[PDB]
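Next up is one chain by itself, shown in structure tokens, the form deposited without the named molecule.
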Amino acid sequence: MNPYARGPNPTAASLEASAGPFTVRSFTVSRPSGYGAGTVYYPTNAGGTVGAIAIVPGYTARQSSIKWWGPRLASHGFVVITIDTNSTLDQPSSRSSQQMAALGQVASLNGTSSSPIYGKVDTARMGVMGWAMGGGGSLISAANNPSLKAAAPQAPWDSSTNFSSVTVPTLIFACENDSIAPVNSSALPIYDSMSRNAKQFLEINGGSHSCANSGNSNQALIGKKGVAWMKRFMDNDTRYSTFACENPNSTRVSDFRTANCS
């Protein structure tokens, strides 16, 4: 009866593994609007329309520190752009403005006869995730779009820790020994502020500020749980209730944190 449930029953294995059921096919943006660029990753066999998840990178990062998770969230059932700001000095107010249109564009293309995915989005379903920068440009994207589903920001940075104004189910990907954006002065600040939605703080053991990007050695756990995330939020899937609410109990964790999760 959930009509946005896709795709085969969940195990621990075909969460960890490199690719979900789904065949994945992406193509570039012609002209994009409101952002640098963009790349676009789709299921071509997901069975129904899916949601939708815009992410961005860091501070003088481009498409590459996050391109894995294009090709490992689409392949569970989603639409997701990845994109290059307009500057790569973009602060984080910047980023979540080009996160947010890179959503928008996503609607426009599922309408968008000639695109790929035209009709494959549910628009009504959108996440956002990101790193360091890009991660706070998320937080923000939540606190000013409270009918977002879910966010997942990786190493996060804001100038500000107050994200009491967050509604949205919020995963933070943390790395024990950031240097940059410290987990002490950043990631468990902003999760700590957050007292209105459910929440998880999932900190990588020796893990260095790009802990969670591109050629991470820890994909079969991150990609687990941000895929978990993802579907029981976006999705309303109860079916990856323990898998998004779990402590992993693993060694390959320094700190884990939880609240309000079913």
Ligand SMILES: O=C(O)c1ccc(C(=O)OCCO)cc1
Contents of the next structure:
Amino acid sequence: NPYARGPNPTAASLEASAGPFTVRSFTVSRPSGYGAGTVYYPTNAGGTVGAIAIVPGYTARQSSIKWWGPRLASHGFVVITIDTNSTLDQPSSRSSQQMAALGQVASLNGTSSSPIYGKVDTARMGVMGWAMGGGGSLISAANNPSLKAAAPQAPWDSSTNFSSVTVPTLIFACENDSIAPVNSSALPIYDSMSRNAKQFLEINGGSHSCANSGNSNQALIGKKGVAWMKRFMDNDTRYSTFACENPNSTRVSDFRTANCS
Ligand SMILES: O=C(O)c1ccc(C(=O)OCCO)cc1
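Requested next: the structure of the form deposited with the named molecule bound (the form deposited without the named molecule having been shown above).
Whole complex next, starting from this chain.
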């Protein structure tokens, strides 16, 4: 596997706050089609790595999703967290901006002054996001089936029919979400997907912000997010158990998965 990076994973190493690689970051000088961006990247991966673009929810900014940046980059990914052109943008707009940020990461991979010059395999990308940004991530996956993974959190869209999604998709959900209730959003969305590897992970007692920066389940959520991206963006079957398993954890009130190998 030309995409495998880093040491063989363990539960402990995936539950830790940081993976094996050293992380640095920079601010995007001139955002190409979105509001603002921070790029997180590993300084010492042994090869090119995939890129992941992450979008907040309605009214929210990079701080709500920031924690994914170092958590994912330290395991071997270039991660861009964005602010949208407006905090009031809707999911379809969020998806356009998410993909524009991926495009600019790819541009910077070819830009000799960039710290990520030659660090990105631009053919291997993923999408994540909170709430309307999670709906935007699903729209992004629907419109761009060459994306290798999606892992939205507490998603919402005006439609729950994402039968168009063929991208391996992990849905983080929050049991007590009153903004995007699981029964009208995350779960109908999950059930709609028929052609992909997919997973549903609902955090026991979680509010709408249960997968945001500062959540109290970073060990489990971080392990699952990293394992999903490693398994499907890197084709890295060393992560197949971590990606596909029921964690059989008390922090999970609802677990579902299908077509996972
Ligand atoms: O009313 C809704 O259905 C609805 C309301 C808000 C959101 C959202 O993205 O903002 C959540 C906080 O960032 C999504 C769905």
